[PDB]
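Chemist: Residue strings, one per chain:
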Amino acid sequence: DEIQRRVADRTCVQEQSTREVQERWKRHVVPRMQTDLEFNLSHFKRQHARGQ
Amino acid sequence: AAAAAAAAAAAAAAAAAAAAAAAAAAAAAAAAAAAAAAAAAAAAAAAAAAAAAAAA
Amino acid sequence: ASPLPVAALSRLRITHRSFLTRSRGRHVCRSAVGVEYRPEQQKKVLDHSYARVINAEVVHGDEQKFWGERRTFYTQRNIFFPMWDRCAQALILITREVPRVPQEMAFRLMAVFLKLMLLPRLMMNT
Amino acid sequence: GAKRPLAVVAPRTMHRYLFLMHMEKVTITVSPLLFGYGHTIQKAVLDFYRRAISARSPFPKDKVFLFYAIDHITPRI
Amino acid sequence: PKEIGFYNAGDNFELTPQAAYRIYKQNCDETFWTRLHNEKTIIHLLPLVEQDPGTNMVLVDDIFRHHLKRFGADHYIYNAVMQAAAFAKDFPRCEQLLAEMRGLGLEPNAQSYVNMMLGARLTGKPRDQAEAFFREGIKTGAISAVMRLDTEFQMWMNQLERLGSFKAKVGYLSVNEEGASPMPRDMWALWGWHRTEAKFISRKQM
Amino acid sequence: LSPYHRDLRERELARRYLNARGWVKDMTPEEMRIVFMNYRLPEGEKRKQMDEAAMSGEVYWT
Amino acid sequence: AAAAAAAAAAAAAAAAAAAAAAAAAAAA
Amino acid sequence: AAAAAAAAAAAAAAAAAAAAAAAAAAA
Amino acid sequence: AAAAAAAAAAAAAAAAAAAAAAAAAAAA
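Chains as they are written, first to last, in the authors' numbering: chain Ag, 157 to 208; chain AB, 2 to 57; chain AJ, 4 to 129; chain Ap, 156 to 232; chain BI, 70 to 275; chain AK, 275 to 336; chain AC, 64 to 91; chain AG, 64 to 90; chain AD, 64 to 91.
Hints in this document: simulated from the structure, not taken from any laboratory.
All C-beta atoms, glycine included, are put in the ideal place defined by N, C-alpha and C.
Please note that a few of the clues may not be correct.
[Stated by the list, open to error] Which stretches of chain Ag does chain Ap cover? Using the computed rule of at least three CB atoms under 8 angstroms from a CB of chain Ap, they are:
hint, region
1, 162-174
2, 185-199
[Claimed, not checked] Below, simulated BS3-like cross-link-like pairs (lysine-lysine); rule was C-alpha separation at most 30 angstroms, straight line:
hint, chain 1, residue 1, chain 2, residue 2
3, BI, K208, Ap, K180
4, Ap, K216, AJ, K46
5, Ap, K158, AJ, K68
6, AJ, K47, Ap, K216
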C-alpha cells in the first residue's frame, strides 16, 4: 500500500479528470454521435483525394 | 507472493477508453423498438424521418 | 469471458510480451501489454490499403505543422502544445458530422415501407 | 535468409536522434479514441513522432506516417 | 517459524507452499493484491502440484476462477495455470487451455510455447510434438531464434532436461535439500561488486 | 459558468472542500468568478465569460 | 421514437441494408 | 375495414410477420 | 393478433380486396 500510494501520489491526480471527461463524452456526445465511422473515413479519403 | 515486478494492464495506465456507439447495438435495438412498439408510432416516426430526409 | 468485445475478436488481438530489463545493475521483469490489429490487417495497415484506419494528413493537412506547432500567443516560451489538446482536437475531428446523403435516406425511406407493402403485397398475392 | 551466421557482440551508444538507417518506412498508429490526461504511453509515442518530424531531426520527414485508428489500439510504432 | 518460510542455502528468503496458499486465501480481495501476485502464488504451488496432482490442483483452480472474476482474463493467469498443468502431467488440459487463449483473443506468449514444450516433454510424449510447438511458436513471431531451427530446438531441450522436474531422478528441480535458516548466515552478502550493491537492504529502501 | 462546468452539486462541495482548509471563505461564488479570471485576458471576452447567457450558447452538438 | 428516427436517418447504405436484412431475418 | 388497419397499426413486427405466416398458411 | 386473423379468415375475397383497398387508402 505504501508502494502503490506513492506511485499514485506521483502520476494519479490526472485520472480523476480523465474520468469526468470520459463520462462527459458519453453523456453529451455518444448519443448523437454517428453510428458508422468507416463510411466517414471513406468519405474523408475520397474528399481529400479529389483535392476538395 | 512477496515480490511482484511491474504490473501491466490490458488498457493503458491512466488512460480510459472513450465510448463509441457501434453498429448492432444501435441499429438492431432501433429495429427492436420499432418492432415491438406499433406501426402507428412507426408511421409517425416514418413521417419525422421522411421530414429529416426532405430536410436533408 | 472476453476482454475484447465480440465484434472486434475477428480483427483485434491481445499481445503480451515480457522482458527482463536492467535497472542500475539489477534486473526487473517488465511486460508490454497491448491490443493490436491482427497480422493480416497489419500488413494491410502498412500498405495504407486498410479502412477503419485513416491517414492523419487527410484529417488536418500537414501534421508537421500541427504536431510541431509551438505556441506563439503573447509568449516567448516556445513550448509545444499540450498532449491532451492535440489528442482532443484529433478525436474531435475524427468524430465530426459527415453530411449523410438524402439518397441513402431514400433507400431507408424505401426500407421503412418494407412491412406495410409486404403485408399489402402478400394480401393481394392470393 | 542468412548465408553466414549472426554476430555475437553489439556496440553500445546513446542515440539522441532517430536517423534513417536501413529503414525505408516508419509507421505510427494511434487511436485518438484512447484518451487520458498526463504522462502516458500515448504521450510517449506521439512525442516520438514530434521528435522525428522536428527541425533538428536527421530523419527525412517524408517517410514518417501517422495513422489515426478507430478502435482502441495500444499505440504502436 | 520454519513453516512460514526461511533463508535457503543460497541465503534466499523463500516462502513455503501452504504458507503461500494461505497468504493468498487471506489477501485475494485486498486492494493491493495485483494479478501478478496470483501467478506468483500459483508458481509457489508447483512442487505440491507435481507430488500430488489430485488434491493440489483444486487450489490452482480456486486461484484460477477467483483471478478470472477479479480481472477478467489475462496472460499471467493462463500461462501460470497451464504451467501448473504441465507439471501435473495433464496434456489435454494444456491444449484445452491454449485453445481457450486463442478463442479469447489472447495471443499466446513465448512462455506459453515454452510451457507447451515442457508439458510435452515431461508428460512422456515423443519429440516433434514439442518441435511442432517450437516451430509454430516461431512462425507466430513469439519465439525468435538465432541459429538454425534444429540446433536452437536442441538448445531448448537440453535446457529443459537440465531442469527436469520435482519427481525426477535428475534435474535442477530434483534436488530437495535446503539449508534452512531463520536468518541469513551472513548479513553483508553482496549481489554486486561493492558494499553499495549489498544483497540485503532495508525494507523502506526496498 | 459554462454548459459543462456548470453543476451545483460538485461545485458547492468543491467550495466547501476549500473552506475546509481555510481558502477564501468570504466568497459568494459569483464574486469568485470575478476575483479569479484570466487577468491578461481582454475586456470583452472576460465580461462575455462572466455572463451566463453568452456562455450558454457554446455546446458540443454531436 | 424521436431519437430512434433521428438515429434511423443517419444510417448509411450498408447500415440500412444491415438493418433491413436483420429486421427481415428476425421477423418473417 | 378501418378496424383491421387500426389494429394492424397497433401490431408489432413479430405480430405482422406471424400474421404474415398465418395468412400464408391459411390462404 | 389471433382475433384479427380469425376475423380476416372468415372474410370473402371481395371483403379482403376491400380491406386491402382500405389499407391502401388509409395506411398506404
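Chemist: None of the hints should be skipped; say for each whether it holds.
Modeler: Do the hints match the structure? See the list:
no. : hint                 : verdict
1   : 162-174              : holds (count 6)
2   : 185-199              : holds (count 3)
3   : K208(BI) to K180(Ap) : 23 angstroms, holds
4   : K216(Ap) to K46(AJ)  : 22 angstroms, holds
5   : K158(Ap) to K68(AJ)  : 45 angstroms, violated
6   : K47(AJ) to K216(Ap)  : 22 angstroms, holds
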